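A.B. asks: Add chains B, A and F with the ligands to chain L, keeping to what the hints say.
Number of protein chains: 4
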Amino acid sequence: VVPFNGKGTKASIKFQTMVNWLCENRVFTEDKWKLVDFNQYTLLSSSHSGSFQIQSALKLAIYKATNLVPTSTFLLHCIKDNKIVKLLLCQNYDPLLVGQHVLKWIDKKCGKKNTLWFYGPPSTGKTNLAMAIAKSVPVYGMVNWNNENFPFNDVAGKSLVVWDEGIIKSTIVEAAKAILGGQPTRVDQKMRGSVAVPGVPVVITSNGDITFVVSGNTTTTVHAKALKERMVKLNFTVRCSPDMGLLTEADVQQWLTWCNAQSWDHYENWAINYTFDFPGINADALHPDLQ
Amino acid sequence: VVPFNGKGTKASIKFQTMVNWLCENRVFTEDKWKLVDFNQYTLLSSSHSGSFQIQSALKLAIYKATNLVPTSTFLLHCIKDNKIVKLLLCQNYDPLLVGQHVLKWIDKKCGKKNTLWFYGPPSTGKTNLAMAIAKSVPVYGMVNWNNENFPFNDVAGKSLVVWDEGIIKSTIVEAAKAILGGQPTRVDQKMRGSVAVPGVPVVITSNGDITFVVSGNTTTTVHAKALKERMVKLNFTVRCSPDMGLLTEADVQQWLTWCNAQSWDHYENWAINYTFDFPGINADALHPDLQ
Amino acid sequence: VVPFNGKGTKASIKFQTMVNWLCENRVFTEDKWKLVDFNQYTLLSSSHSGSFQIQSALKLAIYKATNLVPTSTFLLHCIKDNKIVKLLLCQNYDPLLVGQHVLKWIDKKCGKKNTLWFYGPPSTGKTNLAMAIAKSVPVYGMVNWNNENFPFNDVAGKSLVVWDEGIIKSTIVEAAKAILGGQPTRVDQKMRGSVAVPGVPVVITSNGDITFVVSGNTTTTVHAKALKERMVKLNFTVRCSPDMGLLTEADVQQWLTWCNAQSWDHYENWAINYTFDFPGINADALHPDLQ
Amino acid sequence: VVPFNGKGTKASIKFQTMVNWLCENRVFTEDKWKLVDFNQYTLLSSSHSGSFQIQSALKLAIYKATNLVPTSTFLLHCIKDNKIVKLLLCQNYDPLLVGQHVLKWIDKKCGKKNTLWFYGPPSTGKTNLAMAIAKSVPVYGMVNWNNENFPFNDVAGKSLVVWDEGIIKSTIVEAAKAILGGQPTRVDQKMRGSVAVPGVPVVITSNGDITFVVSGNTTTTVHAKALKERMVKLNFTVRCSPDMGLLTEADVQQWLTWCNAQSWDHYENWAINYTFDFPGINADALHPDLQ
Ligand SMILES: Nc1ncnc2c1ncn2[C@@H]1O[C@H](COP(=O)(O)OP(=O)(O)NP(=O)(O)O)[C@@H](O)[C@H]1O
Ligand SMILES: Nc1ncnc2c1ncn2[C@@H]1O[C@H](COP(=O)(O)OP(=O)(O)NP(=O)(O)O)[C@@H](O)[C@H]1O
Ligand SMILES: Nc1ncnc2c1ncn2[C@@H]1O[C@H](COP(=O)(O)OP(=O)(O)NP(=O)(O)O)[C@@H](O)[C@H]1O
Ligand SMILES: Nc1ncnc2c1ncn2[C@@H]1O[C@H](COP(=O)(O)OP(=O)(O)NP(=O)(O)O)[C@@H](O)[C@H]1O
Ligand SMILES: [Mg+2]
Ligand SMILES: [Mg+2]
Ligand SMILES: [Mg+2]
Ligand SMILES: [Mg+2]
Numbered sequence: 202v203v204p205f206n207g208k209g210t211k212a213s214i215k216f217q218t219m220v221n222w223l224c225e226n227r228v229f230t231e232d233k234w235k236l237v238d239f240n241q242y243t244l245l246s247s248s249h250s251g252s253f254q255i256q257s258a259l260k261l262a263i264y265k266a267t268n269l270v271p272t273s274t275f276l277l278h286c287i288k289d290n291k292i293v294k295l296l297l298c299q300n301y302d303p304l305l306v307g308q309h310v311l312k313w314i315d316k317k318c319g320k321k322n323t324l325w326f327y328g329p330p331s332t333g334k335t336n337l338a339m340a341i342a343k344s345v346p347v348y349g350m351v352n353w354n355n356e357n358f359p360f361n362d363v364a365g366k367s368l369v370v371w372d373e374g375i376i377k378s379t380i381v382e383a384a385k386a387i388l389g390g391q392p393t394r395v396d397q398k399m400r401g402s403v404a405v406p407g408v409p410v411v412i413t414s415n416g417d418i419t420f421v422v423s424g425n426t427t428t429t430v431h432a433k434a435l436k437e438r439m440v441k442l443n444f445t446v447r448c449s450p451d452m453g454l455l456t457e458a459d460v461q462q463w464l465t466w467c468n469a470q471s472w473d474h475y476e477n478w479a480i481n482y483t484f485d486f487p488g489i490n491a492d493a494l495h496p497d498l499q
Numbered sequence: 202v203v204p205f206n207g208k209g210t211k212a213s214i215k216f217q218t219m220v221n222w223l224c225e226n227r228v229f230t231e232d233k234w235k236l237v238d239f240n241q242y243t244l245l246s247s248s249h250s251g252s253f254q255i256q257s258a259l260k261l262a263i264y265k266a267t268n269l270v271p272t273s274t275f276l277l278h286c287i288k289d290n291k292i293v294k295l296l297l298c299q300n301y302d303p304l305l306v307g308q309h310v311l312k313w314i315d316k317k318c319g320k321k322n323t324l325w326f327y328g329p330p331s332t333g334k335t336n337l338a339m340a341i342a343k344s345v346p347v348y349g350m351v352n353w354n355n356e357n358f359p360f361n362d363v364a365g366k367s368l369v370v371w372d373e374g375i376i377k378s379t380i381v382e383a384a385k386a387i388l389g390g391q392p393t394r395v396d397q398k399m400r401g402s403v404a405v406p407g408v409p410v411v412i413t414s415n416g417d418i419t420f421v422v423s424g425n426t427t428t429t430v431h432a433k434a435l436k437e438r439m440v441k442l443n444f445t446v447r448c449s450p451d452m453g454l455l456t457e458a459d460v461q462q463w464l465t466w467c468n469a470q471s472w473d474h475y476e477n478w479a480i481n482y483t484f485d486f487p488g489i490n491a492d493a494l495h496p497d498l499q
Numbered sequence: 202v203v204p205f206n207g208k209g210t211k212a213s214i215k216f217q218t219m220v221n222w223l224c225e226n227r228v229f230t231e232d233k234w235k236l237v238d239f240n241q242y243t244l245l246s247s248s249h250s251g252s253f254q255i256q257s258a259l260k261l262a263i264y265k266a267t268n269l270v271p272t273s274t275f276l277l278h286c287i288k289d290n291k292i293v294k295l296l297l298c299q300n301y302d303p304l305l306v307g308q309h310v311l312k313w314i315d316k317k318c319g320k321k322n323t324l325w326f327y328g329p330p331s332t333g334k335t336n337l338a339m340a341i342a343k344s345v346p347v348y349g350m351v352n353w354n355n356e357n358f359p360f361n362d363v364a365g366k367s368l369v370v371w372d373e374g375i376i377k378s379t380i381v382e383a384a385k386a387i388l389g390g391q392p393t394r395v396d397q398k399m400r401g402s403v404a405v406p407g408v409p410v411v412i413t414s415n416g417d418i419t420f421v422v423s424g425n426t427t428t429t430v431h432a433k434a435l436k437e438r439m440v441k442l443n444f445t446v447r448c449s450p451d452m453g454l455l456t457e458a459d460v461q462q463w464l465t466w467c468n469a470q471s472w473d474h475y476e477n478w479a480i481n482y483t484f485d486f487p488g489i490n491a492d493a494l495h496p497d498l499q
Numbered sequence: 202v203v204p205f206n207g208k209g210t211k212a213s214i215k216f217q218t219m220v221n222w223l224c225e226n227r228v229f230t231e232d233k234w235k236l237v238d239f240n241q242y243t244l245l246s247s248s249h250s251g252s253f254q255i256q257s258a259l260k261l262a263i264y265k266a267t268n269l270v271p272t273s274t275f276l277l278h286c287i288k289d290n291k292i293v294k295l296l297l298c299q300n301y302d303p304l305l306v307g308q309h310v311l312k313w314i315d316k317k318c319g320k321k322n323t324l325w326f327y328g329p330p331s332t333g334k335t336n337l338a339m340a341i342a343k344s345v346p347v348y349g350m351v352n353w354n355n356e357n358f359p360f361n362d363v364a365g366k367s368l369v370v371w372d373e374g375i376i377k378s379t380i381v382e383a384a385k386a387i388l389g390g391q392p393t394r395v396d397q398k399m400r401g402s403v404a405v406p407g408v409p410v411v412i413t414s415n416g417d418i419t420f421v422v423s424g425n426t427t428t429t430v431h432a433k434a435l436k437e438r439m440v441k442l443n444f445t446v447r448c449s450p451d452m453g454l455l456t457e458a459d460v461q462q463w464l465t466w467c468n469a470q471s472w473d474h475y476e477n478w479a480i481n482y483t484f485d486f487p488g489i490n491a492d493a494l495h496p497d498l499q
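Chains as they are written, first to last, in the authors' numbering: chain L, 202 to 278, 286 to 499; chain B, 202 to 278, 286 to 499; chain A, 202 to 278, 286 to 499; chain F, 202 to 278, 286 to 499.
Keep in mind that the hints were calculated from the coordinates and are not lab data. A few of these clues could be false.
No distinction is drawn between identical chains; accordingly, a pair holds when it is met within one copy or between any pair of copies.
[Unchecked claim] Straight-line Cα separation of at most 27 angstroms, DSSO-like style, residue types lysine-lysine; simulated pairs:
(1) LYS235 with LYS398
(2) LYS366 with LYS385
(3) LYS398 with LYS233
(4) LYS235 with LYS208
(5) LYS321 with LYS265
(6) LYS317 with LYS233
(7) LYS398 with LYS385
(8) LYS441 with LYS291
Pulled out of the complex, with its shape left as it was, chain L reads as follows:
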């Protein structure tokens, strides 16, 4: 489609430049704008026009970051000292395959297996890898912030949804299957006009088996197969020492950048058959620098 030949004024060009600046510097909230540039916010908020422009530019930046640019782009751009690879080696997992799977999963290139699940016993490194990952995406949401009766109230405009120490009830199990597999909600179909558009990755950490759905004062098992069809499970069964601090965006960015450079030939070999359980660590097919 040939773009419309409409020509803008100087104010429109400056507004577009400000939107580009907002998207470039990963500023997506009013508080972040105040913390990053108080001068521009103060100058803009002196009139009605600037107040309208702030909201309009914020919305446009959200849309551009979550719809027009791949999420992995806000993930990229000597590896043995990284904390992420050491953590993934402690729990006997291959860092390269996990990184490639994360790269493919955050771009909605894994099919119906839209959910990533972390499982294991207390202090084993789970809300630390999930929340480092979440802090590197442009916008992320959480199920804990939302109301109990509406756990999926706000999923549009987000790059990731985090469910921390979560359990699935029979009241919402029908809705969760829609969001854990990537199926759009009905209202998203209605306003967009198509049958499937938005999509959103989901990451879950828990201490117990979420395949068991609580019904009343008891538990059922009839929903196990459908839930297992849509998840990839990792076992964090090795406790970690308190010698490790918080995981930061730089560590995960470096880890993913290093993973993206190496050979991908192994990954699609697994991609013929996506398994519920992630493959375990090997030694014949390990990366030479990781030894």
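C.D. replies: Chains B, A and F with the ligands alone, transformed into the frame defined by chain L:
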């Protein structure tokens, strides 16, 4: 206290004999009365007096069974062929200590540890050992039968309460802590005019860990300590042939009688300080009749 | 169990004789009692005692008919001229096998398969063959009489439940799966206090496929596997003559009496594995009497 | 069917005699009993037993009069002077045919044509003829008495239902089709336990075409065909002078008794296939008495 000098008539003695028969024949409901002796039920149901007497005698027999006679008397009435012993041996547990603890627990002689917990993965023998105990006692009740919002609605007049594959919610945890610890409910305290209401033993089977209380869409571990003060845990890990069938009342009675017949020296050594987790079988402490 | 040695009076014996008379003559409602014997009803209803006795005897007779005497005895009491065998032959079915299956089904001896489904184009005999078994049993109930939101109100005390031109909605599918399989509800288990409560046979006639569950304005197939495990399906294709005539209980009694006397091996050879579709006719194995 | 062995005492026999007296003398309400025999009512109301017996006898007499005895028997108890025959001659109708049709319709022998409709212009004798036939039957009801939302709430136990100056709305048109066609409501089937327990004759008088069903603020015609099927119509197109007075029970009884013993041929052919409109006179075939 010297009993009152009241003298009964022929009808009173007949009614007392009927109550004794009802209590001795282990019949406590109208349906079992019709099934066992339809002639007497039909003869009584011919007038208002007989209809009143049916309900009065049923209530009196229930009270006598659940309050005046210890439950362990009903349970009591070669051993290799017993399925209970083999099932408990396959699960790395000593049948003798388990039997002694069951005998002491059903009589409310364990203190604050009023709950028995069976934990383990699918088909390992748990709704089997529990519902043969439930049928070995005069009257038992289920949390499953009760309403969702009132799990502990009916506990008066019961010798046992069974919670099958259940989960503890945060909206009912306050009543759960009281009922699983043997603490009498406030309504019974008010109605009976005393603070010495006995309380009912509880048995729980589950696939997951019930010390993680379901709150909202997450699980909390704040109560995990307190619950551990009121429960004894048994792990059922090994699985069992699909050929062994329903376990029966005769097997439970024989196992409990044989357990009671032996010595009672090792139990009170453990009873000095009760442990949350039931100890496993010992290599040399096993009874000669079981080695 | 030795029955209670209590002895009844003359009035008790007369009441028991009246209950037996009510059972023998298949009188289970007040209107039928008035129609059959107005003299005894008028004599009894002259005082409070007789009015109480009427209801007591009716309840006892219903209970004895439903729970203490097998229903097949009420059905049991040349064959080429019978209408039922001709109707079942027109639809390419063996009347002997159908009769034996009906006899085993009405006594709750089929396990999980408690439902009988008649399906086909209109005017093919479905209501006729089903509402003749219903009139042959002592007491029968109808799903159509009950409320729309509560289709399973009166299922206790019934020998058969009839669902005519029925469709399964998504709101009642949970209770429908339980009732069609012969399992009891929580209320029945709690009131009886026996967990093992017998179910009631169900017969359904319909013009469409009832495995498609109505949800909203759509039909779904997520329950089509559990429903087929509980049902036996017969196809009524051949249209019937416009002067077929209303079927009579005597025809059903004659057909079932003839079927019960014949050999059974051709039934339990198939009864190891129950199929969703009823086996079709076989001229080689057809009984020589009705050739 | 054999009556029960039970025989009554003196009190039971006296109660049965009192019930027979109540049924014979056409006393079916307490006010009628006080008006006809105040002495017996006063002696009965001395104690609780007589008060119970009064209600029991009234209910038994009502049931006997409305279920065990044909209605026409209450109606079958020179001919020029009769007012009914003169009125029917002034309306261009054959009195013999009307009498025979009334006799066959009061006994529920007309099939689906359970309703009788009188239509015509103001003051032409219609609340007259219809309320003189209702005075002859033991017990009758009226749609006027009942609530507007539930016009057919109390129809059990009546020999006739009168709908005076009526009109059919779209809210109840489904229920009326049951009453006007003679089919039982689901409540009657539920309580009695059968499929076709009762059926009540209906008589309707109106000044307009009742086949037009009122819907909202407009009129529909989609229900006309069924109403035409379930009804028989007469045209009272001639008004009457005010000298004529009321129509009594004696006139109706004499008219119906006279029509009962003339012939049953000119009706028998018509009963082969009923027409919506009642045939008019025919001087070719008219009875010599009134000719
Ligand atoms: N805010 C923090 N600052 C420093 N170290 C932290 C912090 N949070 C967690 N850690 C460390 O990270 C490791 C695991 O913590 P965490 O990732 O929260 O565990 P987890 O498996 O998610 N726990 P749990 O929620 O109890 O099942 C431990 O070594 C902690 O000491
Ligand atoms: N109804 C039954 N009839 C015959 N045998 C049975 C029955 N139920 C259980 N069994 C036998 O008992 C074994 C244990 O079953 P069960 O006691 O139900 O296990 P469980 O651990 O409670 N199961 P689950 O509820 O899946 O955690 C089975 O493997 C069968 O061999
Ligand atoms: N009341 C009746 N009296 C006489 N014959 C009847 C009666 N009802 C049905 N039949 C006959 O029996 C046959 C079966 O009719 P019926 O059993 O009502 O049909 P059905 O299979 O339920 N049809 P439908 O409900 O339209 O799918 C027809 O050929 C009818 O003529
Ligand atoms: N209460 C009465 N007292 C005396 N005569 C009456 C009475 N009611 C009716 N009549 C006579 O019966 C005739 C018919 O009246 P009625 O039967 O009420 O007519 P209708 O056509 O049913 N009425 P409507 O359509 O409501 O105007 C009258 O013209 C009177 O002669
Ligand atoms: Mg955590
Ligand atoms: Mg179990
Ligand atoms: Mg039909
Ligand atoms: Mg009028």
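A.B. asks: When the hints from earlier in the document are held up against this structure, which numbers fail?
C.D. replies: Result: no hint breaks.
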